[PDB]
Structure formats: C-alpha cells, structure tokens
Amino acid sequence: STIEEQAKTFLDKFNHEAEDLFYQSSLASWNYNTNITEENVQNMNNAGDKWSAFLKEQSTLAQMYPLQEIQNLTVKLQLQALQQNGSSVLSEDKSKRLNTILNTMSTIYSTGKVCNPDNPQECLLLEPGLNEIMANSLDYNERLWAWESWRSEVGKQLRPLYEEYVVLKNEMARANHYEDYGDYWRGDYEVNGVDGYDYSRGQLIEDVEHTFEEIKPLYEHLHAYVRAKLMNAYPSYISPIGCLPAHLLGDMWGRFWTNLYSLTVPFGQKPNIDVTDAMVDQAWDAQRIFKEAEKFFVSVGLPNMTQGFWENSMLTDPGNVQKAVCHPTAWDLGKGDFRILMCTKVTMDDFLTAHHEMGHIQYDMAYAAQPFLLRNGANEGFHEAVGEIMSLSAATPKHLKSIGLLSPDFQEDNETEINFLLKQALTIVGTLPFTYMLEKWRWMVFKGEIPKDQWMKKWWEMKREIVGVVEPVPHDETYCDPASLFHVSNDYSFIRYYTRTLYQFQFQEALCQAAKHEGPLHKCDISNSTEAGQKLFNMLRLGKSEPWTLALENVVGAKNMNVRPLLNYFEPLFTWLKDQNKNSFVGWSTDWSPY
Amino acid sequence: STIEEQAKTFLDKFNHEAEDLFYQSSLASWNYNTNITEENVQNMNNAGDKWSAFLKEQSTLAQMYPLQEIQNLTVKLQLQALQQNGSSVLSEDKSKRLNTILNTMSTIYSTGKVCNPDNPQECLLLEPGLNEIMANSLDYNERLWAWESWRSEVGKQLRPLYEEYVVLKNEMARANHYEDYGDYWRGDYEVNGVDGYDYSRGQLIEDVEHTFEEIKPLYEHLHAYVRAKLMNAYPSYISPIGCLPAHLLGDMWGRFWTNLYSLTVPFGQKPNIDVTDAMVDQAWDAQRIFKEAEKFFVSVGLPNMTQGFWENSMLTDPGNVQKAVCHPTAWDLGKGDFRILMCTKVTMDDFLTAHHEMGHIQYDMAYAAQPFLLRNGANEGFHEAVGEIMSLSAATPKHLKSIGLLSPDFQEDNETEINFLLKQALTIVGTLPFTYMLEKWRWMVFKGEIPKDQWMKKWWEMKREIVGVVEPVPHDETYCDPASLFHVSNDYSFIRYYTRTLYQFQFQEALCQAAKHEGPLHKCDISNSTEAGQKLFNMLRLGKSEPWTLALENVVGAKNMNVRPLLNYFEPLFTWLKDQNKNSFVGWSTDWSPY
Amino acid sequence: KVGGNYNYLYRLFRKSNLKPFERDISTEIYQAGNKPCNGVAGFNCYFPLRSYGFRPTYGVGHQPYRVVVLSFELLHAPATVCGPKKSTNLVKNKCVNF
Ligand SMILES: *[C@@H]1O[C@H](CO)[C@@H](O)[C@H](O)[C@H]1NC(C)=O
Ligand SMILES: *[C@@H]1O[C@H](CO)[C@@H](O)[C@H](O)[C@H]1NC(C)=O
Ligand SMILES: *[C@@H]1O[C@H](CO)[C@@H](O)[C@H](O)[C@H]1NC(C)=O
Ligand SMILES: *[C@@H]1O[C@H](CO)[C@@H](O)[C@H](O)[C@H]1NC(C)=O
Ligand SMILES: *[C@@H]1O[C@H](CO)[C@@H](O)[C@H](O)[C@H]1NC(C)=O
Ligand SMILES: *[C@@H]1O[C@H](CO)[C@@H](O)[C@H](O)[C@H]1NC(C)=O
Ligand SMILES: [Cl-]
Ligand SMILES: [Cl-]
Ligand SMILES: [Zn+2]
Ligand SMILES: [Zn+2]
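Residue numbers (the authors' numbering), protein chains in the order written: chain F, 19 to 613; chain E, 19 to 613; chain A, 444 to 541.
Don't read these hints as lab results, they were simulated from the structure.
Hints are not guaranteed to be accurate.
DSS-like, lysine-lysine: derived pairs with alpha carbons at most 25 Å apart [what the hints assert, rightly or not]:
no., chain 1, residue 1, chain 2, residue 2
1, A, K444, E, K541
2, E, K577, F, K26
3, E, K313, E, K363
Here are some chain A residues the structure puts well away from chain F; computed CB gaps all over 10 Å [stated by the list, open to error]:
no., residue
4, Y451
5, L455
6, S459
7, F464
8, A475
9, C480
10, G496
11, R498
12, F515
13, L517
14, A520
15, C525
16, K529
17, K535
18, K537
19, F541
Heads up, the beta-carbon is just placed ideally off N, CA and C, and yes, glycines get one too.
Bound conformation, chain F alone:
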C-alpha cells in the first residue's frame, strides 16, 4: 500500500474520534455557558484537556507523513491543518515562558484598575464606568485624563512583557519554516497545490495596500466632516486644518465611531428608524423574533432549522436563577446539533443580532457533510461576512414594513437615508484605517523593520498619516499603546476584521444583481430571491474543502479581493459629504499637534 492509502485510513479514524470528543467538549462548554456552576466548570476542565491531549497525540502521529508524495488536494489540506506543530517546536523552557506571558497579559488587561487623584477610593476598571465616560461625557479634560491614565497604567506594565512576546513569537514561527510571526497569521489565506487559484502570503500585504488606496478618498471626506462638526462641541481645541485628538473619537481606542453619532448627526430633527416601540404594541417576544427571522432565510432558499434547535437552545434568560452569558454566540456542537445562546430582548438591536446568529448557523449546516478538519469557513473573515449581510438586508425599510414592523403609511425620504448611511460609516468604514495601520505596524514588528527603540514613534507616525489622529500629549518610549487593545494583548488576529468588511460588500453586490435590484445598494433585499440563495448556498456548502479564491468566484465572480463594491455602497453618502465638505480644507496636517 502507498502512503496515500495510509493517510486516508488515518483520516477516517481521526474524523470519527474527533467528532465524538469535540461534541463532548462542546456539550460541556454549553452547560458551562448556560449555567455557571462549579459542577459545569469541572465538566469543561476535564473535557478540555481531554480534547487538547487528543489533538496533540493525533498531530504527533500525523508528522510521520512526508506530505510530498500525496497528490489528493482533499487529503493534503486536512493534513496541513493537523500536522501543524505550533508552539511545540521550541524547547521546554521557551514553551512555558511563552505561555506565562500570555497568561499574565490577560490578567493585567482584565483586572487592570486605574486610580484617580480626585479620591483615593474612586478607582474603576475597564468595562464599567470607564467606557461610559469615553462615550457619553462631553467634558474635554475629563475624557482626556481617562484616555491617558489607562495607557499610563496598562501600557507601562505590558511594555516589558511585549518586548519578550515578540522575540518568542518570532523564533517560534521561523522554526516552522516561516519568515516571522506576522507571516503565520497571513498563512490562513495561503493557497497552494492547485494551479490557477494560488495565493501567496506576500500577496496579502499588497492586496490590503492596493485596496486601501480607494478607501482614503472616502475616509478623507468622512474625517473632514466629523472634524467640522466637532468644532462646536469642543471649541478652542481642534484645528481647522489639523488632525483630531485620540480622546474625542468616542472610545478608549477609537475603533468604532458609533458614540459620535449624537454629536455629528446630519439632521437631528428627525429620529432614526427604530422599531422598538412597534414590537411592544404587537406583543412580541424572543420566540416571535426567531420565527420571523426563520421566515426570512427560508424565503431566500435555505432549509429550516433542526428540531433540536427550538428545543435545546435557550433564547430567553430565565432570570437571576441560572446565570448565563448575555453575549450572542453561535454554538455548533456537531452531529446535527445547532444551538444559539443569546438573551434576546424586545429591541431592534436584538432583531438584527438575531439574524446575525441565525446566519452563522445556516453557514455551519451548509458544510455539515464535510470532514471535521474541513468543517469551517473559507477563512477567518468568510464566516462573519455571511452573518452581517443578513442583518443589513433585514435592516432595510422595505423589509421592516413587509413583515409588519413599519406602518404602511410611511415613505422614506432623503434625510433618513443620509442619516442611515452616515451612521453605518462610523462603524463599517470608520474602522478600516484603524485596522489598516494596526496590522501593518505589527507586521513590521515581527519582521524586524521597526527597531525596539522606535515602537511608539512609528505607531503615532502611522496614526497621523493613515488615520489622521494626533496624540494629545507626548508619550515616552516606555509606554505601549498597541498593548492596550484586547485583541493585541490576548494574541488575537485583527486582520480578520478588515477582510470581512470588504467581503461583506462583495457578497451584497453579488446578490443584488441576481435579485434584479433597481436602486442603491443599501436598499437591496435578498428576500424572496431563490436564485440568490442557491448561488450563495453553493459557496457555503464547500466551506474549507475549497480555497477562498475559488469560493469567492462562485458568488462574486472575482478571483482577487476587491474594494469597489465598498465604495458603491456609500456612493450616495460620498456625493453628500463632498457637497458639505467644501467650506474648509479637506485633509489633515501631520505636523500639527495640540501640545
């Protein structure tokens, strides 16, 4: 027997053993999240190491295959995801040292508490209190102190740990036949072994830079519009041709500008489209929301949920008797078991979030006929992209009035459309420059293009040019601004939030053509579109068994990432911003500083 027959035999046993053990770990994790008790914690711990030790012992036995004689693309892709050694290549001392740094970074970030000089017993942690001031407080000196004091207590403590975090991750990736740890994150989009659809890791850096060239004209007019409106709210602190401070973006890190809608609203006389009061009048609940959402997915051409979905999943919090996580999370236990954990309330935000969690389940059920090693999306951005196009298609005014939320005696106007597009731009396109500079900065840190004594200098230099945010006060080299983010300190990839944003509009632009749309992109509805759902289901069914380049061609039809559909979505908003951003100089000067 050849080496190919031994590989298929090893995978057949591994798939049977993995689905049995992964279901036990998922079921134990489900009981922990649905009921926080010491009995459920122990069930998650022992099942956790059981699945962890099983994946390690099977990966070690998989290393006995050279992988060069096998020609089957299906068998090769499964072994690549299994034969990956990971952090086990380094010695014993480097393994425990790297794990120790990852543990202390999460504890310092979570248990971080900054004291205030106003009162010795008035200290607040990160999530409560601190985020409320950075979002609702309008005082300049108040949010300025809270912005600097957080990085002064967290950045100075994580800086000695971050210097050792980079050198350990670099030596680990280079031992795995890579260039640096930044290339390891970009290895997910790597496609090899099939001619005509390959995609090198180095091409991803060129793809992000080329697509970002077209986002700048849309962002420059958006940044100039927000700057012009913040002059009345924060006078004598913003320059007409200068950049914007970092403590005036609405958040501690300035990732999302959703908190700036109350200050930079174009037309504040008319309220936004909200169906919160329309649901309480019709006596709706969490069960009605998922039933109305299920009717939307089956109209496009997707099958119905399993019987265990409406029976085992808990869609309503029973109160303060069985503690559960209030965060919406899609649970795929496996073997036909699909559950959703979410404390769905009577709110429009929960309505759009319900379609987001339900859209992920439709994705998981599509590739259910695939092996365990291929039971995943095309990449780290393909999963969240399908879940967000369902919420945008449901947030359209035409879909809300068709199901009974909006009254039929209500016609949309131009003012409501501008407020809708501008509000979405503060969270969709407003986070692209922040995501762009954060990834490109770290990619140069792991590679070595930025010396250790120039981390803070290059960080603010890119912030001034790319995002256009000036530092409020001078920061010494001992500080560490990137470590203040949750995704950076906990070793989480942040480029997935950029590719998913671009892939979101590629799918929306591909479905509007099949649905025979006749208006703007933000008014499209994929409801009652059988041809659009069938074309989309052909890509979701493949999952990870096919490269993302081939899967993207099934729906969008393009072999490479494209940012053009992103500009077409905000095209009416772009023409409106250019008409209003004519009284002042468009752009920002990096040489200006408030200090």
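Once you have looked at the hints, place chains E and A with the ligands on chain F.
Relative to chain F, chains E and A with the ligands alone:
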C-alpha cells in the same frame, strides 16, 4: 502509420531473430564448457561473431527512431537497451586502442608471475600457491613479501595502461550524453519515464553514502574484535589503537575475511555445524542433492523444473575424459531450456551452492514470458540476491534436521549461533567497506575529482578512514593498487556486490514477516510458506519489464534502498561484540603506521 | 442515553468488501501499513470496529434508526408460508358460491 507502430513491428522481428541466434550461441557455449575440444571452440567462435554482428546491425537500424514520440513504457525500455551505441561512438583509432588496452590487461593479470629472490626458479602465478600462502601461512614476513611483490610486478606494469584506460573511457561516456564513465555504470539503476518511481543516477551515490553510515557502527566493533584477536597470533606488529596491515586480512586484496575464522574464532572448542560426514553415511550423491533442493523450492510455491533439465544438464563430472569447468554457472539457453553446469561433490559447501544455482533458474523461468530485451532481472544485483537468500534459508539448523541431515537429538546453543553469525560477518558485512571505498574512489577518478598524481595517495587515505587498513610499507606513485583486482582490470562493475548484499537482507526480512517467524532473522526458513513464495514470484515474474523501485515494493514494500534489515540480521552478534569489545579502545587511528 | 449509548459498534476498516448476505464477526487488527504489527494496536495498526455513542441531542441524520431487511426468495418450494385468506359467514337454504 505512426512511429510507434514501426517500433513494435521492429521489436517483433528482433525478438524472433534474437531468441533463435542467442540459443545457438548459448548452445555452442554450452558445448565448449561441457567439453573443451577444438571442435567446440570453433563452434563458439563463429557463433560468437554471428551474434555480435547481429546485435550491431540491429542496433544501427534502431538508431533511426527518435524515441521521444513513443509513449509506451514497454517499447521505450526495450529500445533504450538496444539503441545504446556503446564504444562505437568514438573514431576508429580510439576503438582499436581501447580494445587493445582491455586485452593486454587480462593477459598480464592472468599470466602474471612474480619471481622470488630465494630461488631463481621458484616463481608462482596468482591463483595457485600465492593464494595458499595468503590464507594458511601464519608467518609475518612470508605473507608480507608476497603481498608487496605482487603489486610491485603487476601494479607497476598496469599503471601506464590504467592512465590511458581512464581518459579513453571518459571520452566515450561523455559522447553518449553522460558525465563520465563512472556514471555509465550507475546508469543501470536509472529509472525515468514514470512518475512516482523515478530514480536519478546521482541519487545512487547519496544512497550508498547514507546506508553506509549505519554499517560503520557494526563494522567498527567487528574490526576492533578481529584486531584484538590477531594480537596473540601476530605480536609486536599490531597497535592497540592503530589500524591493521593489509597482508593480515587473509587474502591478497582483503576482500573476504573467511581465512580469518581459524584465528579469530570465538569458541574453538566446539566445531561448526557441518553435514559433510552425515551425507556419506546415508549414501548421498549429486542427484540426491538436487532432488532434496527441488523439494525445498516447490514447498515455497515454485513450479517444478522442466524435463530437459534433468536430462541435458551435467551435474556430475565424468572424470578425466571430458574436460569441463568446475565452476558452478547457471545456463539459460532460452526457449524453455535451462541447464546447470556444476561438479557437485558430497560436501556441505556444494549443498548450499546447489540452492544458489537452482535459485537462479527459478528466477529465469519466472520472466520467461517477457521479451528478449527484458529477459533479465531488475538490475545487476537483483539476480544474485534471490540466489543467496535460498542458501541462507537452507543453511538454517531447522531445515537441515527436517530433511534428515542433522540428528533429532541435537539442540542448538548460544555458542554455535555466535560462531555462525561471526563467520558470515567475515564475508557478508566484512566486504562492505572494501566495496564502498573501491567504488567511491573510481567514481572520482572518471569524474576528475582526483588528479593523476594523487591516485595512490587518495587510495590509501580512504583505506585508512573507511576500511581502517594501514599500508605496511610506503608505496611510490608509480604503483597501482586498484589494478591488482580482477574486476577492476577487466572492466567489471563492482558496485553490484554492494547493492546485492543490502538487497539480500531486504528480501529475507520481507519473507520472515509473511512466514510468521517468531525468532531472530538468521533462524528464519521460507520453507512450507506458500504466501511467501507467491509474493516473491510476483516480483521475479516482472524481471526487467518494470523498474527496480516498483519491483522492490512488491516484496519488501520500500521504494528506496534500506540498510536497516542488514543490522537486524547481525543484531544478536552486535550485542555480543559490544560486550566483548570493551577491554580496548574501539576504532582505529589513521595517523599510525607500522613503518 | 444522556451519557452515550456506546453499545452499538460498526466495522470501519476491512481488507475487502463483503459479499451479499455475508456476516463477519472477526475483530483482527486491520493492517494498514506494511507489517502485520503482530496483533497489537499502534501506528498503522487500527481496530476494525468503531462505536457510535448515540445521544438524544444529536441531529436527525445522526439519530439511531432500527433498519430491518425482509429477504424473500423462491426455490420452487411448496410455499409453506401464506398470509390470511378470508373469513365469511355461512349462508343457509340458498345456493351461493363456496
Ligand atoms: C481524494 O480523497 C477523497 C476523500 O477520501 C476521495 O473522495 C477522492 O476520490 C480522492 N481522490 C483521489 C484522486 O484520490
Ligand atoms: C420549517 O421546517 C419544515 C420542515 O419540513 C418546513 O416544511 C417549513 O417550510 C420550514 N419553515 C417554516 C416557516 O415552517
Ligand atoms: C416576500 O414575500 C413575502 C411573502 O408573503 C411578502 O410578505 C413580502 O412582502 C415579500 N418581500 C419582498 C421584498 O418582495
Ligand atoms: C506497449 O507494448 C507492449 C509490448 O509490445 C504491448 O503489449 C502493450 O499493449 C503496449 N501498450 C500500448 C499502450 O501501446
Ligand atoms: C514442511 O513440513 C513437513 C511436516 O512438518 C516436513 O516434513 C517438511 O520437510 C517441511 N518442508 C520442508 C521444505 O522442509
Ligand atoms: C515435478 O513436475 C511435475 C510436473 O507435472 C509435478 O507433477 C511434480 O509434482 C513435480 N515434482 C516435484 C518434486 O517438484
Ligand atoms: Cl492608541
Ligand atoms: Cl590494496
Ligand atoms: Zn458574528
Ligand atoms: Zn550466483
């Protein structure tokens, strides 16, 4: 008609004409060997040039095929063995000059006679007298003089001829689209035209060097054990940490160490297992030996011999009335004619040799359904490998007592097993370092890595490091040590004796697993094993119609040459040598010299 | 069961396909490599039988389904087996078809 149809038509006529003419040459050669008369010599001469001229005229007509349009692997391999021009590429002057050098080297080596200063009329030739002193004489100065005087009279005369032999063979191979004449010998193992089983000529050099790395630990303990035992037989001449002289190996060239068993015997109190006296008591003869041997082959699953075998072949010398060659040679005349010429006596050595000649006939009858151009083994080592595994399987104590040679009241002990494994190591693994350095040295001569003025320096330098044999006296550059060997002066490949040795244990290890063996490898017997014979017959039937890499996978299951089964055979001997080679320093120092 | 019904096993690896209406209960270690492994469990030495572990929370495609096969064949036999024919009353003083 395409070029492929013309090639098949040419092969059909060639195979018909070749088998007819090759049978006449084989029949004429048989009459010459079975009866040395002037009538039989003339029958071999005229039939010799008839077959030689036929092969030349058919090869010239075969050159009209480009061989690049043909896609059939069967037709391509036959033409490659026929379209080979050979020495006919060079001009007329270089052809006769090269043949003249090959003729005078055989005459000088055969008629070489060294005179002695003890008596002006006491000169002896190579085979008689000289080999007796190098084997049985224990005097230091006696065998030292005979070792140096031979190379002084033969090496000095063949050195001017060997310098011209290399340059002529290099220019001949380079004209055939090769690198050097050493690459021409390695072209037999070349496999091309089929993906997944290719084998380049350069990979053979890397294969021999990689497999030799594991033979050194077994040989270092073996060389140290022989050195420790020869200190009592040759005192005041061997260093405890130095190398061994070349005139103390038991032979003129030190190829086999069989003559060292009488001096380096582990346990000389108990004699070796010999069945010579057991055959004369049961009134056995040459006919009984071949009948008992035939029962062994048919028990494994091989067919019985043809009727013409027991009638035409002469298995007993009729006396001094019809001169015949006493050397055992397997004769395959073709067209279902298989004969064996051997003067089989009542001796245990003739019993094991009978299975060696009979094993080759079973090989020839396997690929009898193949064309004439493919009527051969996989390579130059596959033929002798099958013939030797039959002798080792027959030399086992269990097989001897089952047929009636050994008395049932005799149980083997540990002392008899150590003497058996050590005696086989003096001729099987003891010749591997000598074969390794001899081939690697010549491969660098034809290629040009060794200059002409450094032939003797590099020869002894490799002998000290690889084999561990120090030169007794300094030799000038005018000498020629490699030319003293029969296989080197007569233009015979010597690498075939290394690959066959490794392939011998690969087949033995592959048949013991099918025979459900439960002990050491040297106690295995392929007798009464139907599944072992059927698996072996599937490889012998292919012959040369399939690459040696694919044929090796049918029995052993490995695509590349492996030396691991060689170490498992001498594994009980390895542990015994390491337990005894602890009173002195293991290894040898190349810096030490007896002069 | 909630804890997993691992009582049902199935063969996953075998040397060759089974013949129609063939029953094999052999539990020999399947030789997936080159050596027979001498009858031990290890690399390229896998056990043929695998368990199911049915759970009530599984999907429709993974729930256990009791399948029964009714093999029928006619070998020119007197056909001893036969279903119910009919059942009627008895008419009196009237010519009917019996
Ligand atoms: C590759 O593997 C898949 C999964 O076992 C199989 O269905 C397919 O036939 C294989 N293809 C080849 C060419 O071996
Ligand atoms: C739910 O699943 C059933 C199962 O057949 C299907 O008939 C139905 O169309 C699905 N959708 C709704 C809204 O019932
Ligand atoms: C889709 O079909 C449903 C079926 O009644 C209908 O109520 C709804 O208005 C339709 N929506 C669109 C956008 O056509
Ligand atoms: C290749 O040649 C052999 C020998 O003539 C013949 O048996 C075989 O059919 C040929 N195959 C093809 C594909 O021509
Ligand atoms: C096979 O076994 C039988 C019975 O044990 C024995 O007589 C016979 O000699 C064996 N075959 C050989 C070739 O020794
Ligand atoms: C010899 O060959 C004949 C051919 O038919 C066969 O019947 C017989 O068994 C063979 N005998 C032996 C000892 O192999
Ligand atoms: Cl920052
Ligand atoms: Cl020599
Ligand atoms: Zn999501
Ligand atoms: Zn031989």
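Verification of the hints:
1. Under the criterion of a C-alpha separation no larger than 25 Å, the hint pairing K444 (chain A) with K541 (chain E) is inconsistent with the structure, at around 55 Å.
2. As the CA atoms of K577 (chain E) and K26 (chain F) are separated by approximately 20 Å, the hinted pair is consistent with the 25 Å bound.
3. Annotation: proposed proximity of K313 (chain E) to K363 (chain E) holds, straight-line Cα distance about 19 Å (limit 25 Å).
4. Every beta carbon of chain F lies more than 10 Å from that of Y451 (chain A), the smallest distance being close to 13 Å; the non-interface claim holds.
5. The claim that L455 (chain A) lies off the interface is violated: its Cβ sits roughly 6 Å from the closest Cβ of chain F, which falls inside the 10 Å cut-off.
6. Against the 10 Å criterion, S459 (chain A) stays outside the reach of chain F, whose nearest CB is about 13 Å from its own CB.
7. Here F464 (chain A) stays apart from chain F, with its beta-carbon at least about 26 Å from theirs, past the 10 Å limit.
8. Annotated as non-interface, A475 (chain A) brings its C-beta within 10 Å of a C-beta of chain F; the closest such distance is 5 Å.
9. Every CB of chain F is more than 10 Å from the CB of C480 (chain A) (nearest about 13 Å), matching its label as outside the interface.
10. A Cβ of chain F approaches the Cβ of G496 (chain A) within 10 Å, the least distance being about 6 Å, so the stated non-interface status is violated.
11. At roughly 8 Å from the closest C-beta of chain F, the C-beta of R498 (chain A) falls inside 10 Å, breaking its exclusion from the interface.
12. With a least beta-carbon separation of about 34 Å from chain F, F515 (chain A) lies farther than 10 Å from that chain, consistent with its non-interface assignment.
13. No beta-carbon of chain F is positioned within 10 Å of the beta-carbon of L517 (chain A); the least distance is around 40 Å.
14. For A520 (chain A), the non-interface assignment is confirmed: its Cβ lies about 43 Å from the closest Cβ of chain F, beyond the 10 Å cut-off.
15. With a minimum CB-CB distance of about 42 Å to chain F, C525 (chain A) clears the 10 Å threshold, and the non-interface call stands.
16. At roughly 44 Å, the least C-beta separation between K529 (chain A) and chain F is larger than 10 Å, which holds for a residue marked as non-interface.
17. No Cβ of chain F comes within 10 Å of the Cβ of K535 (chain A); the nearest lies about 59 Å off, and the non-interface call holds.
18. Its beta-carbon lying about 59 Å from the closest one in chain F, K537 (chain A) satisfies the requirement of being farther than 10 Å from that chain.
19. Distance to chain F confirms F541 (chain A) as a non-interface residue, since its nearest Cβ pair spans about 55 Å, more than 10 Å.
Comparing the model with each numbered hint stated earlier shows that hints 1, 5, 8, 10, 11 do not hold.
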